[PDB]
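Taking the form deposited without the ligand, here's one chain by itself in structure tokens.
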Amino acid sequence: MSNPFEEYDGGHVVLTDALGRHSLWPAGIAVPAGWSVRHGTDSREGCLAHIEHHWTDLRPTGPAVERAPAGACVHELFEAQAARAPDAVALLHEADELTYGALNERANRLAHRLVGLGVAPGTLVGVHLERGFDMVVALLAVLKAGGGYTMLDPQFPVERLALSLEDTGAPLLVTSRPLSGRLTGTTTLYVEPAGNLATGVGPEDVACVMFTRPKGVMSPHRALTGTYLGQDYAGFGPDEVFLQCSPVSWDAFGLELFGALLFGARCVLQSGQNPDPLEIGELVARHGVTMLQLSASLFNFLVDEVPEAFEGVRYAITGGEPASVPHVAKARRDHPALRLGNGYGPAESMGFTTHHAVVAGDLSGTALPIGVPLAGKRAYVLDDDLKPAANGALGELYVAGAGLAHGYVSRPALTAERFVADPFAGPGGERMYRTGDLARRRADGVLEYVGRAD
């Protein structure tokens, strides 16, 4: 295939929407509704230069909407759970437990300190902490203070963390006494009743910046709540026990943490920065873990080498890379009560954009389908002309809806070339994210992952 946002004969144009977002657009393709040409027919480099110069702030800033922003923020939903059951266990780490009330208390004490240091909506904070209670207190406090957090995974080299922190422009860093001195030049604080804060944060405000050159996907509260609330791909509730084992700086993190905290569920934190298969098996048995979210390779290893990591587990969801159907089939045979799901999506569209609930018929095949979009999200299979691919035909996958990031912090050109105008959307200007993935939509509407656009 040959993408029109990378190579187009007719030239390029720069589009703008009511919220001042910029989009690169091929000159010969009709301007979508809610979008207007800001920079005339020019070279792709010339268009990208204009965006790099004019688009200084990625956060949406335009006229006020009729309908006031729907929904509560991440921390507000957490606060209602702390109020409802303060004595209920929120976090488990090694032999220690942290209730909902104690977690909320600790996070409020730190949030008040953050406010005193200049944290407010529109401010980002770096969190350079190992996996444990402090990591949660830190990010919850950042959210409570109206700011957005960025997880700085301590397994990574200092240079990579320093670059990521530099890119966010965060004027504050939350770290620990052992990690002290690794990251320099940014004002640093440590983690040491108070009461909940009322800061004026709203769902469109930045909640996080995710880093996998560094690429910081910055996402509002609604991208997180839109992924965890009003969804049925896994069981959510206070009787659930999630395992936070996935890397902290990427998008699978939120499901394990927020999917539990917004519902009053227990969250087991794994020691170590990377998913540890042997530790996972032990943690499932110790705490009665009800849901596992695993990369395809982790899932395959556990299925074969640590099958008891699935004992008592209600849902197992495969992510990232294409699934191994023989391993999915093996899990079904060994664990008959286990519900299996295959999740798909880039971090730019938050956690899963699409999900497929595994059925008996899928096991006879060679690949697992990526499924159907989550409620409030959408997925298109388009050709080089941004036209829907013929049913069954190959095309590039574009994702849209509630999970969309504002963009790549400090990289408006890279943003404008990936978070493009949506040509299917109503009078209001919407965006779609080009995934770089090739897919096909089968007769029943189920998506199938093919490969990379290379």
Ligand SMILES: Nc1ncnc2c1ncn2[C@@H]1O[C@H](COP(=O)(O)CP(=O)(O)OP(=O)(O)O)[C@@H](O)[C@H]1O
The other form holds:
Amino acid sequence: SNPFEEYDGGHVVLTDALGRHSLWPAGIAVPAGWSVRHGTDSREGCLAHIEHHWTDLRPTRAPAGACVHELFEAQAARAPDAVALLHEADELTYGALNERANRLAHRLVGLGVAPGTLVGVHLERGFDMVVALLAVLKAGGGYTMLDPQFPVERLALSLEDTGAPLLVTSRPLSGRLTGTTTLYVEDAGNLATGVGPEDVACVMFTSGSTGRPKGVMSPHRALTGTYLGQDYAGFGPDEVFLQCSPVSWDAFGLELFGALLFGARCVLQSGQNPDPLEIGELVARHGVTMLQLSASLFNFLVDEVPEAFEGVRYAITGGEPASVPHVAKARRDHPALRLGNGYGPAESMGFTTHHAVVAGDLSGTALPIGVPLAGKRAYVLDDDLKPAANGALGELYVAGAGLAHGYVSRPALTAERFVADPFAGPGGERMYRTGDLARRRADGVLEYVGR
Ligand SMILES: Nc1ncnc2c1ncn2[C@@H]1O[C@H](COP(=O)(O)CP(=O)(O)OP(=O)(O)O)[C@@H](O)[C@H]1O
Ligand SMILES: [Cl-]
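Return the form deposited with the ligand bound of this protein as a structure block, the form deposited without the ligand having already been given.
Next comes the full complex, this chain leading.
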């Protein structure tokens, strides 16, 4: 049961100082920082109000932090000749990648890209893909990765939701997506567009569904908030990450930016889906130091490609409930391997919580999802939005720096899931309703139960 879906006493619409809208049950106290803009009304009536009024999701003390491309730029200045990307037998240095992305960024500016502009990127995995998305960020826009493994009808639909007036693609992919002004990625100082951390960096669309497109629109701050100042993996110039996760959803960022923001190497896997045998070969070839793997992929590699973990420093299972026996076996086979369980919705960006595996876990029936990343929060709430007592079952709501702005072109859906945070201080903040059931145990660690 959930009071944002079914509530006895009807609903109201709340807004904060940044013009963001939240659905809210009428019988529950209004959180600090929020004011009633509409209602009491029926749920459908509240949602209609939101659809009509909330026409721009972007929010309307100086912002802390550099943007994603700015941190990349500093790494490119620090070590222009360090290797940034590896793909098949080819390598691309930080310096060369920065120069290519600059050339393309200047082209984007001439075509009208500005802060607040979105740009579709329809490219197979390889250097051009990274040149293109960095170029979009540098020009101050947000990118949306259009994964070419998907049917064009679905890609076209997603692109339409974003409203992007520009598409970057390749000569071989030319003509698949039509009706949007298109430029070609095939090939230079840094730009200074005034873009900031609350500006949109990306819109993500899931690789794992055939339902109606849902574009998660997230600011630079949500990316940097997930990869900087964290300790769930090793970050630094001596790391070698492997970009094998689907390019258009949220696991992509850790692999690509977790490397580029730090001066590390990023190996790009050929093919749009994680390829277990190729992963094993790439780890051996390049000395990959961190793997991020969905649980099913993790379990297969542990059982059938054990050499994929040789030399690897951190492996993190995610996306679905971890298999304790496979985590245990990984530990037996690779004693120096640090193991983690990473949890979260794309709406809160990459990992919202993380659990470092300890010996005492390896005999359990389930692996805990751990504690929130620095700057992020997780609540376990009952259907009155009251925290669950210790060990009691409740629903997970997540909050803090990873939160997306919402779902592009879908303000009603955004307002029913990104809702007011009733625990936050004077400033109004939001929390995202995950739909996941969990328990918090005495020591504060979170246990995923399911849906
Ligand atoms: N480490 C982990 N352990 C268990 N479950 C996990 C997990 N990491 C992710 N999940 C599950 O996978 C989900 C990932 O969230 P998302 O990718 O945002 C789902 P979505 O595509 O937005 O669709 P939905 O929320 O409408 O189902 C989590 O909500 C959780 O159910
Ligand atoms: Cl150098």
